[PDB]
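All chains should be modelled from the sequences, with the hints used to inform the complete structure.
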Amino acid sequence: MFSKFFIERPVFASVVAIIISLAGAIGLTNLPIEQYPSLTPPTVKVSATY
Amino acid sequence: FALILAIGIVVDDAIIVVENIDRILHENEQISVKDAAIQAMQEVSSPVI
Amino acid sequence: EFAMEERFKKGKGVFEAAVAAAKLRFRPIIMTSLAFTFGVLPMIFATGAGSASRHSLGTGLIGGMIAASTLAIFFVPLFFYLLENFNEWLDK
Amino acid sequence: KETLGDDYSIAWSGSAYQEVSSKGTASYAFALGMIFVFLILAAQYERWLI
Amino acid sequence: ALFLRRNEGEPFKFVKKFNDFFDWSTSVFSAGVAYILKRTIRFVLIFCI
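Protein sequences, first through last, are from chains B, V, P, R and D.
Residue 13 in the deposited numbering sits at position 13 of the first sequence, with consecutive numbering throughout.
Heads up: take any position in the second sequence, counting from 1, add 397, and you land on the deposited numbering.
Heads up: take any position in the third sequence, counting from 1, add 941, and you land on the deposited numbering.
Heads up: take any position in the fourth sequence, counting from 1, add 842, and you land on the deposited numbering.
Heads up: take any position in the fifth sequence, counting from 1, add 496, and you land on the deposited numbering.
No lab work stands behind these hints, which were simulated from the structure alone.
Please note that the accuracy of each hint is not assured.
[Said to hold, decoys possible] Listed next, the in silico DSS-like pairs over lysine-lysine satisfying Cα-Cα at most 27 Å (straight line):
{"hint": "1", "chain 1": "P", "residue 1": "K964", "chain 2": "P", "residue 2": "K951"}
{"hint": "2", "chain 1": "P", "residue 1": "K951", "chain 2": "P", "residue 2": "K1033"}
{"hint": "3", "chain 1": "B", "residue 1": "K4", "chain 2": "V", "residue 2": "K431"}
{"hint": "4", "chain 1": "P", "residue 1": "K964", "chain 2": "P", "residue 2": "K950"}
{"hint": "5", "chain 1": "P", "residue 1": "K1033", "chain 2": "P", "residue 2": "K950"}
{"hint": "6", "chain 1": "V", "residue 1": "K431", "chain 2": "P", "residue 2": "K950"}
{"hint": "7", "chain 1": "D", "residue 1": "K512", "chain 2": "P", "residue 2": "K951"}
{"hint": "8", "chain 1": "R", "residue 1": "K865", "chain 2": "R", "residue 2": "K843"}
{"hint": "9", "chain 1": "P", "residue 1": "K951", "chain 2": "D", "residue 2": "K509"}
{"hint": "10", "chain 1": "P", "residue 1": "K1033", "chain 2": "B", "residue 2": "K45"}
{"hint": "11", "chain 1": "P", "residue 1": "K1033", "chain 2": "D", "residue 2": "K509"}
{"hint": "12", "chain 1": "D", "residue 1": "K512", "chain 2": "P", "residue 2": "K964"}
{"hint": "13", "chain 1": "P", "residue 1": "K953", "chain 2": "P", "residue 2": "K964"}
{"hint": "14", "chain 1": "P", "residue 1": "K950", "chain 2": "D", "residue 2": "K534"}
{"hint": "15", "chain 1": "P", "residue 1": "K964", "chain 2": "D", "residue 2": "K534"}
{"hint": "16", "chain 1": "P", "residue 1": "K1033", "chain 2": "V", "residue 2": "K431"}
{"hint": "17", "chain 1": "P", "residue 1": "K1033", "chain 2": "P", "residue 2": "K953"}
{"hint": "18", "chain 1": "P", "residue 1": "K953", "chain 2": "D", "residue 2": "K512"}
{"hint": "19", "chain 1": "V", "residue 1": "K431", "chain 2": "P", "residue 2": "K951"}
{"hint": "20", "chain 1": "P", "residue 1": "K964", "chain 2": "D", "residue 2": "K513"}
{"hint": "21", "chain 1": "P", "residue 1": "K1033", "chain 2": "B", "residue 2": "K4"}
[To be verified] If you want the footprint, here are the derived chain P segments under chain V, 3+ residues with CB under 8 Å:
{"hint": "22", "region": "952 to 963"}
{"hint": "23", "region": "979 to 986"}
{"hint": "24", "region": "989 to 1000"}
Even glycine gets a Cβ: it sits at the ideal position worked out from N, Cα and C.
If you want it as structure tokens, here you go:
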């Protein structure tokens, strides 16, 4: 019956499709571009001199 | 990489739906397309879930 | 799912159900599996910078999909058949 | 722009920084809310033109 | 509902040939399950292999 509701209401069905796309297009823009996730161990370097 | 793998998975549930329209539309030369679509979603809702 | 439909919604026999499920659901099973397989295909033929990562991702994926969209669809009706044939002996 | 040779530049700080940097960003929030008023209504009333 | 049409009587040529060959394979496939279901114990082994 769920699909029926939308089959009656193509404007509603497409408006949900549109907002999803539009929110996801804004999101695509504001995502960071790495090359890999942060999957190398962080590394601290301590240095003394005698 | 996953976005690429998605292309051929993302269309699955939609093409499953649309194949079940040409099939209802072919085996019933009386029904209306709107009524076929309602009937197909009674037939293929459970598997697309 | 369709085999389950024919047995407890059209009353058809286990054999009659499994065969009907195969016949009527073959086309969607393939063209979706064909849609995926041909989709990961340009990664198995990958060429140039970053190839090994696409080559690794794509290779086992295609073969296992091809396998499960040919060898498996012949067998799933069998396992449905036996499991349903078993559940009616278990009734006793 | 008149007084200074181009081996010079002119960086803002304080209140002027905030104002210069946010220049003409009100167009974005307004257009955003109008687009989302439009779609949300079109769905609720199942008509585009209305 | 409001864009699929009641019929598309003729759809190109290679599309026609491809689907002819594809309908044949459906019979070959359903003929395969027909086979395998009669040979139960024999095919459960090929699985465990």
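Here is how each hint holds up against the structure:
1. P:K964 <-> P:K951: Judged against 27 Å, a Cα distance of about 16 Å means the pair holds.
2. P:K951 <-> P:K1033: Holds, because 23 Å separates the two Cα atoms, which is no more than 27 Å.
3. B:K4 <-> V:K431: 10 Å, holds
4. P:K964 <-> P:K950: 18 Å, holds
5. P:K1033 <-> P:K950: 22 Å, holds
6. V:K431 <-> P:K950: 24 Å, holds
7. D:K512 <-> P:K951: Not satisfied, since the Cα-Cα distance of roughly 33 Å exceeds 27 Å.
8. R:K865 <-> R:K843: OK: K865 (chain R) and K843 (chain R) at ~19 Å, within 27 Å.
9. P:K951 <-> D:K509: Violated - the C-alpha atoms of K509 (chain D) and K951 (chain P) are around 38 Å apart, more than 27 Å.
10. P:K1033 <-> B:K45: Not satisfied, since the Cα-Cα distance of roughly 73 Å exceeds 27 Å.
11. P:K1033 <-> D:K509: Since the Cα atoms of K1033 (chain P) and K509 (chain D) sit roughly 56 Å apart, the hinted pair is violated (cutoff 27 Å).
12. D:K512 <-> P:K964: Holds, at about 20 Å.
13. P:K953 <-> P:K964: With a Cα-Cα distance of about 15 Å, the restraint between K953 (chain P) and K964 (chain P) holds, given a limit of 27 Å.
14. P:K950 <-> D:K534: 24 Å, holds
15. P:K964 <-> D:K534: 17 Å, holds
16. P:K1033 <-> V:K431: Violated, at roughly 46 Å.
17. P:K1033 <-> P:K953: 20 Å, holds
18. P:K953 <-> D:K512: 33 Å, violated
19. V:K431 <-> P:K951: Holds, at about 25 Å.
20. P:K964 <-> D:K513: 20 Å, holds
21. P:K1033 <-> B:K4: 42 Å, violated
22. 952 to 963: Coverage by chain V is violated here, the residue count being 0 at a Cβ distance below 8 Å.
23. 979 to 986: Our answer is that it holds, as 4 residues pass the Cβ test (under 8 Å) against chain V, meeting three.
24. 989 to 1000: holds (count 3)
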